[PDB]
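Visitor: Now for the letters of each chain:
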Amino acid sequence: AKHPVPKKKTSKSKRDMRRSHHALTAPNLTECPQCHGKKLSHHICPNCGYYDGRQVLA
Amino acid sequence: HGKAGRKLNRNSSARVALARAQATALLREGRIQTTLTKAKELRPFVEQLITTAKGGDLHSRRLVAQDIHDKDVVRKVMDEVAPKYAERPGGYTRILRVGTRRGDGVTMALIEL
Amino acid sequence: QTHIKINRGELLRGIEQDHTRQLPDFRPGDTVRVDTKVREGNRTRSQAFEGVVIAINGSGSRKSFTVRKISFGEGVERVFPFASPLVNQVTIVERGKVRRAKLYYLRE
Amino acid sequence: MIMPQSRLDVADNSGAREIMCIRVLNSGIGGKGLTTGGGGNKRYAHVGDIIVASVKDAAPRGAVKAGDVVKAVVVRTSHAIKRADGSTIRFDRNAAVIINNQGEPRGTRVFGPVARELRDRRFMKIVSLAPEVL
Amino acid sequence: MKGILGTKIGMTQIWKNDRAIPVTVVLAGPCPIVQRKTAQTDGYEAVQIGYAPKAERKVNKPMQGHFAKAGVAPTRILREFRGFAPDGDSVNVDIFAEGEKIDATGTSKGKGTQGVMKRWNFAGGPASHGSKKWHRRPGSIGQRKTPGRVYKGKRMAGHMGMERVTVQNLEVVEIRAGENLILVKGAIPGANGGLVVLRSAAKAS
RNA sequence: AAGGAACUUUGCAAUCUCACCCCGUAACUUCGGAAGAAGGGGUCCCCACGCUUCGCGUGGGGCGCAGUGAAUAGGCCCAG
RNA sequence: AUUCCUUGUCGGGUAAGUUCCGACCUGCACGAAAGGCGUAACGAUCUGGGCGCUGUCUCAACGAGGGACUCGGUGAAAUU
RNA sequence: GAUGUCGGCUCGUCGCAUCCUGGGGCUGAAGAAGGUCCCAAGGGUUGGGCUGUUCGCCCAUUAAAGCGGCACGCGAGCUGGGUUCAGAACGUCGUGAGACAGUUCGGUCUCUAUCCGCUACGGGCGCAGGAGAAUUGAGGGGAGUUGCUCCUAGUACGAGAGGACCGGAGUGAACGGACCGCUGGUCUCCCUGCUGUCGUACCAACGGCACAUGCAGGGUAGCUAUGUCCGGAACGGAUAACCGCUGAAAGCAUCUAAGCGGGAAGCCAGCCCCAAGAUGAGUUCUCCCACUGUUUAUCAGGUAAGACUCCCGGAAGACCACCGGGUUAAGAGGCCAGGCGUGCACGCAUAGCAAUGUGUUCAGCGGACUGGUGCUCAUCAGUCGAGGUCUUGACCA
Numbered sequence: 002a003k004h005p006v007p008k009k010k011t012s013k014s015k016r017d018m019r020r021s022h023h024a025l026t027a028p029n030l031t032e033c034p035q036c037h038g039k040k041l042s043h044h045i046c047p048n049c050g051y052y053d054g055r056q057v058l059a
Numbered sequence: 003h004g005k006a007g008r009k010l011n012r013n014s015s016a017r018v019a020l021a022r023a024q025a026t027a028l029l030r031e032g033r034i035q036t037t038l039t040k041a042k043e044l045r046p047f048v049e050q051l052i053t054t055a056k057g058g059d060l061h062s063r064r065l066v067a068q069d070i071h072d073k074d075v076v077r078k079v080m081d082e083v084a085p086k087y088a089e090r091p092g093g094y095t096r097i098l099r100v101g102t103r104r105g106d107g108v109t110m111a112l113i114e115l
Numbered sequence: 002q003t004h005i006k007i008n009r010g011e012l013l014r015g016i017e018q019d020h021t022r023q024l025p026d027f028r029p030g031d032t033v034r035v036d037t038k039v040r041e042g043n044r045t046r047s048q049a050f051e052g053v054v055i056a057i058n059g060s061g062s063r064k065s066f067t068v069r070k071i072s073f074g075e076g077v078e079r080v081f082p083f084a085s086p087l088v089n090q091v092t093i094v095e096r097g098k099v100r101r102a103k104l105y106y107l108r109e
Numbered sequence: 001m002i003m004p005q006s007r008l009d010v011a012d013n014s015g016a017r018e019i020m021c022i023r024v025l026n027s028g029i030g031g032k033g034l035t036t037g038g039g040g041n042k043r044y045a046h047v048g049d050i051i052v053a054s055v056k057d058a059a060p061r062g063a064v065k066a067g068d069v070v071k072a073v074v075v076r077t078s079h080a081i082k083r084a085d086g087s088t089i090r091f092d093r094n095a096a097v098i099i100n101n102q103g104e105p106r107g108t109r110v111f112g113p114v115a116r117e118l119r120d121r122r123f124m125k126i127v128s129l130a131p132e133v134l
Numbered sequence: 001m002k003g004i005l006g007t008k009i010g011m012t013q014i015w016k017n018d019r020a021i022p023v024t025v026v027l028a029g030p031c032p033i034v035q036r037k038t039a040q041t042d043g044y045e046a047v048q049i050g051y052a053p054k055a056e057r058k059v060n061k062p063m064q065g066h067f068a069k070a071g072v073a074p075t076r077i078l079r080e081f082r083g084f085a086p087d088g089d090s091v092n093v094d095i096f097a098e099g100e101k102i103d104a105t106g107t108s109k110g111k112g113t114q115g116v117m118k119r120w121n122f123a124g125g126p127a128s129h130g131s132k133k134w135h136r137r138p139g140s141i142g143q144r145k146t147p148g149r150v151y152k153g154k155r156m157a158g159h160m161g162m163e164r165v166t167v168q169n170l171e172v173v174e175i176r177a178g179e180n181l182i183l184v185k186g187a188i189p190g191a192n193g194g195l196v197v198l199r200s201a202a203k204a205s
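Residue numbers (the entry's author numbering), protein chains in the order written: chain Z, 2 to 59; chain K, 3 to 115; chain M, 2 to 109; chain H, 1 to 134; chain B, 1 to 205.
Because the hints were derived from the structure by calculation, they are not lab data. Among these hints, one or two may not hold up.
Claimed, not checked - So the derived list for chain B, only partly shown, Cβ under 10 angstroms to chain H, looks like this:
#1 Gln13
#2 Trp15
#3 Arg19
#4 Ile21
#5 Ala52
#6 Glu56
Unchecked claim - Taking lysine to any residue pairs in the SDA-like style, the calculated list, with each CA pair at most 20 angstroms apart, reads:
#7 B:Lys37 - B:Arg82
#8 B:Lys118 - B:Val72
#9 B:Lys185 - M:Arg14
#10 M:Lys64 - M:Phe83
#11 B:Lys109 - M:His4
#12 B:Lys16 - M:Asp19
#13 B:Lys185 - B:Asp18
#14 B:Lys61 - B:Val72
#15 M:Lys38 - H:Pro131
#16 H:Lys82 - M:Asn58
#17 B:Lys185 - M:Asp19
#18 K:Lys73 - K:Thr54
#19 M:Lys64 - H:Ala80
Just so you know, even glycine gets a beta-carbon here, dropped at the ideal spot from N, CA and C.
Work out the full structure, taking the sequences as your base and the hints as a guide.
Guide: See the structure below:
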C-alpha cells in the first residue's frame, strides 16, 4: 500500500519547530530618483518607466 | 561536475528553434520582452548573428539565411541594421530586467537592439 | 582560486618550445619514419617504420602522428610524438589524396 | 589487455592455432626456471606476460593437440603498449607464443612481428625467431 | 618545513633525456613575509607568507594595518608554515632544488554531490536480471534488531571533492627561476588557477 | 578502449541478423517438406547501347567511410 | 517429466560438468488403448550444446531527455 | 487484530578456538622444506566449471586461498533459483474425492520516510565590545597487505644433492588518492558526408522531419579509465609470547620477590584529513572607538570600523553555502587576434555529352580554450552594524 507512514501526529509544537524558516524576506524597495516612488533596485521603475531615461512606455 | 557552457530546458532541436524564433523578432522589432533568462540566452546568438550579416557579400547573406527563415527580416538585418553597427565593435544589444510577472511568478525583462 | 593576473597560455608555451620539433609536411599518404632503437643492451639499433599516416592529433610538445603498417601478415600502428627523442627524421614518400583528417576507415 | 575467456592467435608452429586464456599468471620468468606468480590476482595480461591457456584449435599433425592445457606468453596485444619515449604500439590482433617451463617456445619459429617488450621480459629465445621486433 | 605558495598552471610533455615525462607546471610566485610567529608570542614557531597581489582599493582597513605592520603590500592570501624563517621574502630559488621530492598540496576539484559507486566505489548491482536498484544505490545499511541503527561512518552519497589533499614525493624536475616557475612530475591537486602549496617531503624514503 | 557470457537460476536483457534480386542449400522424410535451410554476391549516380515498358540487362565512367546509403525491416545451427 | 540410495557406473563434450547425450542395468515403486515403443513436419513449449553479437559481466564512463532540486499558482494520501 | 521463509547479490562490521603475512619455545630441528605449542586479529584471504544451493567435488593459481557471530546480518535494499497457494504430468497410495518421503513445466514480491540512526549542506544563538584575517590542537577519522629477482653468497650448512638466517637493493600485483599531459572513451548540433520528403517561386544555396542527434565520419574543453603520478615507510616509546644482567628467601641454583635490559604486521607517537558547540567555547596580528535620548516616549536611534541586499559570473553548488567582479571596472557576453576541430565553402572560371574533376582554397564554418579591447550589462540605492557587567588581584606616576 502506502509503505512508509508516520508513527504519530506531530505536536502543534514540533510542527512549528519546523516552520521557523518559511518567513518571507521583505523586498528591498528603493526610492526612484525621479518619480521618487519606490522601485526594485536594478529593474525599471514600474511607475515612471525610467532607468536613467524612460524605457517602458508610461 | 557540470563545467560546460550553454543553456537548455527543451531538447536539442528546440533550443535551436527558440533562439532562431526570438532571433528573428528582436531583429524584426528592435525590442521584444521575454522571460529574463531566455533573453540572456538570446543575446550572444543574435549578436554573433548580427556580426555575420556585417559582411555584405552573398556568402554572409546566405549564412544568415540559415538562421532567419523570413526573407524580409534577413534583408532588414542584411541591409538596414547590419550596415549601421559597422563603426561599433560588435556589442549592441542590451537587457533591462523589468519586474516579476503574475501567473507564474517569473521575472521578465527587455531585450532591445 | 588565487586570482593572479596571468596568461597561463604562454607560461606553458615557454615550458614547451624547449621541447617542440617541426617535421616535414605530410597529412596522409606514405611516410617513412626511420626511428632509432637505442633500447637494446647498449647496442643502439635502427628500425624504420613506414607507411600511411592516419592522424595528427596534437600541437606543441604533445603533437603527434600515427601511421598504419602491415608487418609480416599482421596490421601495425605506431604513435609518433614529433618531438620524441627516439626519432631521428621523418620523410615523405608519396603525398596522398584523401578527404578527411582520420582514415580509420582504412583499418579494414 | 588479455584475460580469461579471451582467445589469442598462436604465433608459433607449436601446432596450436588458437587458444583460450585460462589464467593470467604473473609472468614469472627469471633466475633458474620460470618463477612462481607474484600474487593470485592480476586481472589483465599485457604483452610479454605469461598466461596459462587451453588449446581450442590445434592443427592436425603437431606437438600440441586440441584440448591441451598449456602456458603461453602474449606477444601482441591489440591493446596499446606505451614505450617510455612516449610512443605507442598496437597490433591488429592479440596473439601469443606457446612455451615451456623455461620460457622456451614449443615451436621452431614465431610468425608475425613480436612486441619489443619481450626483450625486456627477458624472453630471449622467443625474440630470436621473431621475424621482427617492433 | 620549508615551502612556498604557488598557482597550478597546467601539465604538458617534457623529455628528460629520452624518457618523456608529464609535468605539472606550477608557478610559485615570490612570496612575501608578513608575520613571524614565535613560540614566545603565539606560543609556537611558524611564518606567514603571502601570495597573489591585491589592489589597495579592495584592502579592508584592518587588513592594511596587518600588512602595513611589515610594509609588504596587501596580498589576498596568507598561509602559515611551521618551523621556517629566511630573511626578506620567500621565493623558490635556492628553496627547492632540481631533484628534490616534494608534497604538492592543492584543493581537490569539487565533484558536487556524488553517489556511492562514485564516491566510495561500491558496486551497485545488476542491470538486467531483475531490478529497480539498477546499478547505483547502496545495498543494505546494516543488520537487524542488533545495532538497531547504522554505524557512524557508513559510506553513502555525499559531497565529494573540495577537500584538502596531499600527493607526496614528487620529483621537482625543472626549475625556472626568473619566472617563479617550477615543474613537477606527476599530477598536483585541484585545477589550474588553484592555490597549491609545495613543501619539503613530509617524510620521504 | 581491451575482452567477449568470464554475468547468471537460465546470454533474462540488449545487440548482431534484418528488404528485394542472383548463385548456393544437409541430416532426416509420410517425398509434400525440412529451406529464408547453412553460405556467398549484388543494390548509388552519369552516359551509350539493346530490351516488353514503369522498369531492366550489358559496357564504360563517376563520388563517399558507407549506396534497401534516412524509416519500416528473420540472429543461425547441433542434440533431446 | 516415472529412481529412494545417487552427483550409480563407464563413455561423451568441457581446462574443470550434481545438469545434458549414449550405454549398461540393481526397473526403491515402466509396460502395452488410465495405450507400449517409434516418428517427417509443426511449438511465444521444456532441457543441454555451439557459431555469431553484444555493457550480461570484467568495472564502469561520457552524453541526451523526463522526474528528483529552486521560485510563483492550486494542493492530497496511508498513518496517528 | 502478522517477529516475511532457503539461497544469491549489495553493503558491511565483530570474536578468536589465526588461513597468510609479524615474533617466539621445543623438534626426532644439519640447510633448505616442515611438525608442534606459545603471543599475536593490522591488514589481506583470487578467477572459473557442476548444483537453487549452503556445502562440497573439480580447473588454474595464490602468501593465503581461516572458522564463526551480527533475528542461520542485510526483501520499507534487489533478485526470487529454492520451498510450505490456484493449473498440468509421471511414479507411488487410495474403491473414490484426494494424497505424497517424491519428482516435473508455470505461477502479479506494495511510487510517497514522521521519530532515532546515517551521509552531506545551511539558518539561529552562543563564546562579556563591534569587526577583518592568520592559527594552536583537546580530541577524532583515514591508512595499516603481499609476492618475485638481484646482491651479500653459490657463503654458513651439507658425504653430496641441494643451499640459507641477518642485512642491502630493486621490480610487480591488488587496494586507495589525486590527476587528464599521454593513450583511449564521450562529447545530442562544434565541422562534414549521405537518403526520403515538405518548404524557402524556380535553378543553385539552405532549413524541417524521419529520437527524445534521421544516418554516417571525426572532434576542442569538460568529465572520464583500461591512462598517468604518488602512497602503505623510517625512526621512536611502551609491551606479548619468548631470551636475559645483578640476585636473596632455600650458605648452592634461580629472568625475581628490591632492581635493571632485549623483544612482535599488534598498542601509543609518527603520515594524510577533520577539529574549540574542546558552552572549560583558546591563541595572534589589524581596524572602529567612546555618540544621542528632561525622573512625560525607561531603551532604542544617527553611525565608525565592517558587512549583508542586489547585479554579472565561477574550475563552488541541489538550495543554501563558497570564490570573483560590480566604471577609481577587463567580471561575463560581444568584439579582434590567436589556438584547436572539421577538410576545402558560396560564387565564378575552366574540363567534360553528363556524373563529377580542377582552380580561386592549407579554403569556409566554428561550443566551451590563450590573450587584448571599455562595444553591452554589472546603474541607482537601501539594510543591518560598536560604546564594552561586576568582584578580587597585580602594575602606573
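Visitor: Hint by hint, note whether the structure agrees.
Guide: Hints, one by one, checked against the model:
no., hint, verdict
1, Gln13, "holds (7 angstroms)"
2, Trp15, "holds (8 angstroms)"
3, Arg19, "holds (5 angstroms)"
4, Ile21, "holds (9 angstroms)"
5, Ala52, "violated (34 angstroms)"
6, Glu56, "violated (48 angstroms)"
7, B:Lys37 - B:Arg82, "holds (9 angstroms)"
8, B:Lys118 - B:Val72, "violated (45 angstroms)"
9, B:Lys185 - M:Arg14, "holds (17 angstroms)"
10, M:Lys64 - M:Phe83, "holds (6 angstroms)"
11, B:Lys109 - M:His4, "holds (16 angstroms)"
12, B:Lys16 - M:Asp19, "holds (11 angstroms)"
13, B:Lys185 - B:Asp18, "holds (15 angstroms)"
14, B:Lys61 - B:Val72, "holds (15 angstroms)"
15, M:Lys38 - H:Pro131, "holds (16 angstroms)"
16, H:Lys82 - M:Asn58, "holds (17 angstroms)"
17, B:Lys185 - M:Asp19, "holds (17 angstroms)"
18, K:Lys73 - K:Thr54, "holds (16 angstroms)"
19, M:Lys64 - H:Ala80, "holds (18 angstroms)"
Of the numbered hints given earlier, the model fails hints 5, 6 and 8; all others are met.
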